[PDB]
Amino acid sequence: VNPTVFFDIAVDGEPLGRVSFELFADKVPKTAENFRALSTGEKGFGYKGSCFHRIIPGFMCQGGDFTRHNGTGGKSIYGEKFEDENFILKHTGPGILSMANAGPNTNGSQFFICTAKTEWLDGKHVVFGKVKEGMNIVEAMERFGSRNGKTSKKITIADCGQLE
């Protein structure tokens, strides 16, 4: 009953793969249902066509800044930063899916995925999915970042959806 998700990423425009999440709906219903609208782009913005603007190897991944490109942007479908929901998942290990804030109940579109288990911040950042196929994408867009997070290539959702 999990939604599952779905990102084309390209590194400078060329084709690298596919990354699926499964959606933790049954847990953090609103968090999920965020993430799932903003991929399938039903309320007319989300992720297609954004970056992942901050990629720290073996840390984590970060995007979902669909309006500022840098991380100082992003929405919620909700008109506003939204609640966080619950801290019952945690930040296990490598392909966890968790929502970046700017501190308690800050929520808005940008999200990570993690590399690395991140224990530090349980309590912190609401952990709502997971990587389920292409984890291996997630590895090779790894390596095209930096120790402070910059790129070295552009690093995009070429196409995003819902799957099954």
The other form holds:
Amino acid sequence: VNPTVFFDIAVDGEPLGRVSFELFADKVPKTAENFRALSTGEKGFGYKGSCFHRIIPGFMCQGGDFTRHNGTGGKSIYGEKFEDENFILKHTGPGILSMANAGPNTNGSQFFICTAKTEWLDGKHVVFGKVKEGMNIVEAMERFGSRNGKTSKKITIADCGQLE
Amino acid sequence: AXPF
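Could the form solved in complex with the partner chain be shown next, to go alongside the form deposited without the partner chain?
What follows is the entire complex, opening with the chain shown before.
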């Protein structure tokens, strides 16, 4: 029942592989549906073609700004922003998928994949999924980041959709 | 916010 979407990653044009996530629609239905819908492109816009604008080794990989591509844009399938659904799920380890935000109740389209356990973010960022397969591709992406997050190469979401 |  919980959806499974995927992202085919490409660094400067060459495929790196497919990463798939399980979205916990059973605990954060509104947040999960936002991500599912952005992955299939059914509302007319979404992640296909977007890039990871902030990558920080040993922390996380951030993307989802399909409008400004700099972490200033993005929008949800509800409006530019939506409230923090709940904080039931915590940042337990690598692979956790969570919402990036500009403070409370500012969820849009930006997300981040954790490569470490980021407990200091619990209760501030809504966790809504986890990497199902492909964790090694995410670690490989870290090699293109920097202490501050600026990327070394153009890491994009070549394609995406729903598997289940 | 962020994280940065």
